[PDB]
Amino acid sequence: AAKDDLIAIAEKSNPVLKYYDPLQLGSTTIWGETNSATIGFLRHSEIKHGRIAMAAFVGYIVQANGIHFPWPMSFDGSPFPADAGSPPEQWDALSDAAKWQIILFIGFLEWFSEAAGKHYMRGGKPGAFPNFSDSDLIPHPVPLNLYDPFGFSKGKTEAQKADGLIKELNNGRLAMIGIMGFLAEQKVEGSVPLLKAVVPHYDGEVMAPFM
Amino acid sequence: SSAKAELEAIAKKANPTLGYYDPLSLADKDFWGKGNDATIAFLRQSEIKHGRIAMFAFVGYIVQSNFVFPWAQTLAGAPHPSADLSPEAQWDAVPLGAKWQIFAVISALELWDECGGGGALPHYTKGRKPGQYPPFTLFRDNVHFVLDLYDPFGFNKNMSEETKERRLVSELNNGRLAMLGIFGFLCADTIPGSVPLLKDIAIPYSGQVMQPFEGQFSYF
Amino acid sequence: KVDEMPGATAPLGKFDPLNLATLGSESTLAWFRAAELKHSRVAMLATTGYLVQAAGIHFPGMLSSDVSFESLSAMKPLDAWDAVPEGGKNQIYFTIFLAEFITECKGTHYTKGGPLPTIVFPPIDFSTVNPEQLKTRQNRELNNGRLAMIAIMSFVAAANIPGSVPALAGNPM
Amino acid sequence: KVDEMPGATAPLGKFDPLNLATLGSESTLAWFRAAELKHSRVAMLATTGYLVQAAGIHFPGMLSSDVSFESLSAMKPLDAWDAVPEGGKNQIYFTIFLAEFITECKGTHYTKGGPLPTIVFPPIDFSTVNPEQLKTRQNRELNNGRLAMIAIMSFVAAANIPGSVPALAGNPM
Amino acid sequence: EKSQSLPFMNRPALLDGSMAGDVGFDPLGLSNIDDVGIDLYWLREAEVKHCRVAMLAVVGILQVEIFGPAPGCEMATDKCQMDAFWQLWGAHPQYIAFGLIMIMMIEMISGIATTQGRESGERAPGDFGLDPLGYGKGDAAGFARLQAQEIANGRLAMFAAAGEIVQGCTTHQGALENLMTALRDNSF
Ligand code: CLA
Ligand code: CLA
Ligand SMILES: CC(=O)O[C@H]1CC(C)(C)C(=C=C/C(C)=C/C=C/C(C)=C/C=C/C=C(C)/C=C/C=C(\C)C(=O)C[C@@]23O[C@]2(C)C[C@@H](O)CC3(C)C)[C@](C)(O)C1
Ligand SMILES: CC1=C(C#C/C(C)=C/C=C/C(C)=C/C=C/C=C(C)/C=C/C=C(C)/C=C/[C@@]23O[C@]2(C)C[C@@H](O)CC3(C)C)C(C)(C)C[C@H](O)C1
Ligand SMILES: CCCCCCCCCCCCO[C@@H]1O[C@H](CO)[C@@H](O[C@H]2O[C@H](CO)[C@@H](O)[C@H](O)[C@H]2O)[C@H](O)[C@H]1O
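Protein chains in written order, with the entry's author numbering: chain R, 36 to 246; chain S, 32 to 251; chain P, 32 to 204; chain Q, 32 to 204; chain E, 35 to 222.
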């Protein structure tokens, strides 16, 4: 009933600590939509916040080691700026035409999720990406989809699906803390007492795309 | 007054001569507006917790006065604390990150009494006896084996309800001795000449015995 | 009933010695109610808005084109009011002027039994929470404002009359 | 009423020769009752606060920034009152000034039959204590105050008039 | 029974509640006059015209101050209200007295219509039948809102128009200049 569902799924992620809500934000109606439509918003948010931090975790490591792509990106010839040698500075030193089109790419991917399928505030389920081939609001068909383009997951039964989402939730919750924890070490020395020195300091206000 | 009569019965079984010592009768009402039942079993659990820590600090005090570990404390340098010197200041010689891992362990391990262990046993007012413990059996069947607290290999299975009560009162009166046991050690090691026969003091004081962090972490 | 309502706590209960809640009608008491609610929220932001920056918190960059945040290195926090420029001091009032409207233009005014001043810009729906726990929060909200209404008057009297406040006069402000 | 009142013990019983309990109303007697209750508690703390402050008990450390606890080595306990600084003397009165409020702002004031002045700090729950044995204590509380009201007047008269008190004048104070 | 705007006094008898903006505000009884060729019909035809002229005059002052004059005019100056008016008259007075004769033809005919519109009650006060856009073939409740918004903006514009004229002739500066000056002095 969109409330028994949120309690039951947080229960399956943790026997003890069943349904945790101190600020009591799981009771709002947002803009003014029905409570059931809203709880879908809070869920679809938490997944989307958990998906990037999982992706930014693995991204943060590959930026640090030097598994950079070995060529130049631009037509004129300047290579990938792994010279700056640290993942926030590596995102600093780009061009006036690469930093856009990465956001502009994701800006199509974010957008395509509202249209082209059943919206999460009208039923459905949060974080469910609709396939490109099933919708008509695209001129040319792309070859493969975004999630699981090789079709492994369709052989798995339903009990391994709902159990799979909950493993994504808790890993999504852990990775949001990992990225933030990497942020605080960058801007505050000794912000967390595990990593003594692996980060350069760089007071560069990373929350801004375009300096 | 069932909760009062449970406190009076165990006070007779601890000392039938002196009986019911109540020089403040604060075990018949409310502190936080929550209940006479909510007050007594909070104080019963309190005194139970005070003596369990106390006994664990008498045995811990003697051994640190006696032979203490060799072979290394930390990664780099590894100076072990002192052997003869006062255990109260052997606590101060423990390094920084060693201590914060101890208190973080004490915070979560003790917390498991409060929730009752994922439910299945209520909070200390009702149901459980004061000082009982939800036996880890929510954490242990989902990730790994951490055995159990206070019963690592449990041979404590089969006892009469009459025979447990002799051991229920062994928790109190030994700990009531162990509450004032420590104070005799701990007043002696800061001020000269208050203890009758204990002139085995380490020769300086301790230094703020209510300080977890005397070195390098001080408030302003 | 003055005793049974948000703001009547344990150590005093119904605190009205000079009988001011009886002085008008029920619409009168509702006006004083949301006055103290609003007097609180201004004083809570001014007491806190005083401590911080008296300690040097210091927004990076420029406030305006040439009158950047040097207002914290030297002048007292009671000052740096005329140092803020006029166009900067204007937007502040007008965001407030606008916030006083939705407060007044609700479907039912508050003295007619309507709701008290709600958050103007981000209107997160607040209807849902347990009304037992809601009553404990409105006691917390007003008592912190009661303490802050006294405290902001302490901070003014220390800035005007030195030695007017004992354990607070030895403080650089 | 005069009867069934704590404070009437064995060796005198009803002690009122000049008939002062009859002198007003019931509300008058309730004022004198909690006066003697409060006169007791001030005198019990001042008599006991005279005996120590005279044998050298001596808080370790500093009272204030430069006027540390040398007030016990030499000056009499009737002195060391101007030696305590003004900001130190001030917070004493104001904690008292606060404590006189909850005393007065109960739900029923005691001359209207309400309860006697109770503890401000740490109330717990009180004299739910077996009202037979409650009456024996309020006799014990007042009689010790009766003795202390005389005794603190002895301690003042010894500090002003030497030889005003025989087996007490040979005492360094 | 009682005026909505002056709740301590009786509502005037002819203020029915039918005209837009009617809150019963007429303390001196001016709707009652029926002499010297004027009444509530003439007073309402007066008011709507005062509304309209003042609504155009406020935008006309703010236009040639924020953006300057139209292409073909030059030598822009301090205030746009008087200082430009005598300046243009001296520069090229043809377009300005073209309009004064064109207004004069419109006014002489709208004045006949007001006197003819009261004798036979088939001309609404203010109504010249100018609705080329068709707002009024729509909802009657939505058109009654448009009638009240014309009055409410027109009443506010009368103070603003008479404002900008008089403080233009007093301070000899622009209207947005006067607002920023008053902002400086009462900086508060
Ligand atoms: C924060 C400390 C504190 C403060 C501000 C007060 C304040 C007050 N007490 Mg009080 N009291 C305290 C502690 C304190 N008490 C304690 C611990 C007890 C034992 C339960 C009492 C028992 C008590 C009685 C019996 C009476 C008062 C009374 C009063 C009032 C007037 C007397 C006065 O000026 O005392 C202010 C000064 C006090 C100096 C001295 C006590 C300060 C202690 C030593 C602080 C340290 C204790 C600490 C909190 C415990 C350590 C554990 C901690 C981690 C929680 C006043 C409102 C009287 C009253 O009628 O109304 C309250 C009265 O008759 N008090
Ligand atoms: C010294 C102060 C103090 C006191 C008096 C208590 C008292 C209590 N704690 Mg607590 N605690 C303390 C300090 C304290 N704690 C500290 C310092 C920590 C570490 C930060 C904790 C961490 C802690 C945890 C993690 C838990 C408790 C719990 C409890 C409760 C056991 C009884 C119970 O469940 O009642 C019922 C609870 C209440 C009366 C208060 C909450 C009321 C809720 C919001 C609504 C009431 C619903 C219903 C009527 C009763 C609950 C039903 C239940 C099935 C949910 C009790 C209220 C347990 C608890 O409350 O279980 C729910 C619990 O899980 N405590
Ligand atoms: C001779 C000649 O001309 O050749 C030259 C040409 C040229 C141009 C110079 C060349 C080049 C360089 C190129 C092409 C560089 C390309 C760079 C590229 C392609 C960079 C992609 C970034 C993708 C990101 C960051 C994705 C983030 C994805 C994110 C952040 C997500 O999480 C998406 C998420 O979606 C999920 C999974 C589910 C949703 O519910 C939620 C969201 C939406 C949040 C070459 C190769 O050198 C060759
Ligand atoms: C015959 C007839 C009728 C009629 C009629 C009549 C008598 C019609 C006459 C109408 C009449 C006489 C209309 C005057 C307008 C004057 C205006 C608009 C002045 C504006 C002046 C303005 C806006 C400002 C002027 C300035 O001076 C100011 C203030 C400052 C100076 O430094 C200079 C300037 C220029 C800036 C009826 C009544 C309809 C009945 C019948 O049916 C037919
Ligand atoms: C700073 C200058 C110093 C001057 C200070 C003067 C003190 C002010 C006097 C306090 C009286 C105000 O308190 C107010 O009194 C009025 C009229 O008596 C009461 O009036 C109200 O209750 C009374 C009952 O007494 C009713 O008869 C009356 O119908 C009702 O309006 C209010 O219940 C009370 O809230």
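Any given hint could be a false lead.
To give an idea of the chain R side of the interface with chain P (calculated C-beta under 10 Å), a few residues [stated by the list, open to error]: (1) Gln59; (2) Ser62; (3) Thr63; (4) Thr64; (5) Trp66; (6) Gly239; (7) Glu240.
Keep in mind the hints are simulated off the structure, nothing from the lab.
Even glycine gets a Cβ: it sits at the ideal position worked out from N, Cα and C.
Fill in: Residue hint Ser62/R, partner chain P, criterion CB-CB below 10 Å
Holds: closest Cβ of chain P sits about 3 Å from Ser62/R, inside 10 Å.
Fill in: Hint validity - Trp66/R Cβ closer than 10 Å to any chain P Cβ
8 Å, holds
Fill in: Closest C-beta approach of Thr63/R to chain P relative to 10 Å, hint status
Holds, because the Cβ-Cβ distance from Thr63/R to chain P comes to roughly 4 Å (cut-off 10 Å).
Worksheet entry | Supplied contact hint for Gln59/R, tested at 10 Å Cβ to chain P | 5 Å, holds
Worksheet item: Going by Cβ atoms only, is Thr64/R closer than 10 Å to chain P?
Response: Holds, because the Cβ-Cβ distance from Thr64/R to chain P comes to roughly 4 Å (cut-off 10 Å).
Worksheet item: With a cut-off of 10 Å, does the beta carbon of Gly239/R approach a beta carbon of chain P closely enough for the hint to hold?
Response: 12 Å, violated
Practice prompt. So, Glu240/R near chain P? Judge it on the closest CB pair being under 10 Å.
Written response: 9 Å, holds
Hint 6 alone, counting from the list given before, is not met by this structure.
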